[PDB]
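Below, in structure tokens: the form solved without adenosine-5'-diphosphate, a single chain.
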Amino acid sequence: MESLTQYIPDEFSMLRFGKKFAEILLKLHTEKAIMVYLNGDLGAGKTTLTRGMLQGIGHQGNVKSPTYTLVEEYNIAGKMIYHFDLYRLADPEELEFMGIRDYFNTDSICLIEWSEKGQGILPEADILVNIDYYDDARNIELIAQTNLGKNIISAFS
């Protein structure tokens, strides 16, 4: 219900943009946390973005592949933070398992990938992030299905 498209020529643009995205994120608190869905062909500016988001904040380290696992978490400038890889998940059983850990409450920004499996426990996202990519560069609509999404996008001008 609110779209927004952005051109990303190379690395450093995924990072300005990656990191530019989150501070908007960080200024508004949460009743039900800020859903944010990551979506592209594997290897299309996914991780690059993710890091861009976390290290554009104060993550001195590495974004640990959330592969062998599911939710790797952080906590930054008055916000907890959780990456999610839903790839090795077929059963949402395992989605019901972390959420019981204070992941959806006050001060919680959950950023998730492979949302196919996150249809049950897993909420619907305020900001649907879809990332285009051909030869060198990338594209990305910042679309918002809900009300936080309508105004998180709007935050970019």
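Think of the rigid core as the biggest set of C-alphas that the two forms share within 1.5 Å after superposition. Residue numbers count along the first chain shown, from 1. What changes on going to the form deposited with adenosine-5'-diphosphate bound:
Rigid core superposed between these two forms, residues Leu89, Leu26, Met98, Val63 considered: the one with a C-alpha shift of 2 Å or more is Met98.
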Contents of the next structure:
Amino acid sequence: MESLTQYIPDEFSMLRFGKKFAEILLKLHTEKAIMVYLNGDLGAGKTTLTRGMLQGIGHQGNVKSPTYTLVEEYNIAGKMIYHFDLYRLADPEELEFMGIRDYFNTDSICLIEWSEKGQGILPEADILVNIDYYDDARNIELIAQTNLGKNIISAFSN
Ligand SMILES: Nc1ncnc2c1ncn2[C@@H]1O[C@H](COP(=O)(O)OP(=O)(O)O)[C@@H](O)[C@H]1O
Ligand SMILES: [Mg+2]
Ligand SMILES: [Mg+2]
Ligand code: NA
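Having seen the form solved without adenosine-5'-diphosphate, can you show the form deposited with adenosine-5'-diphosphate bound?
Starting with the chain above, the whole complex follows.
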């Protein structure tokens, strides 16, 4: 749908952009879980942007990618946020087993790395975040996939 292209000159800027993006997702206050697919090569900054989003809205503590556990649950001032790294998801099937269930059926926010691995089982994304990189700079394209995605992108305006 609508798109945003945003230059991120350095890591501080990535963290500031995560805080602004996560603040928009909280303020929208949706009943449906917000699906965010974080895309980009290894080292592009998907986990650093996730860190800026969670720490930016108040998480205190390390943001450890869930390499083997696949999903990490956060409770931030009462909002449930789920960070997924699906790289080691053998088959999407394994998803219907683990606790995924309740996470996609409540007023949560889900931030997903390697969403391709979950094709079929994972709910469709509301917004894709495609991160490109050069040295210590980045550029992110946000792409809306749903009506909610469109509303998220419109919120970035001035
Ligand atoms: N502008 C920037 N944005 C994000 N990460 C940056 C930036 N500049 C440098 N980095 C570095 O790049 C790495 C990003 O790694 P990570 O967030 O784990 O990536 P991914 O999850 O996509 O594999 C970190 O070591 C980080 O400090
Ligand atoms: Mg990738
Ligand atoms: Mg990562
Ligand atoms: Na993804």
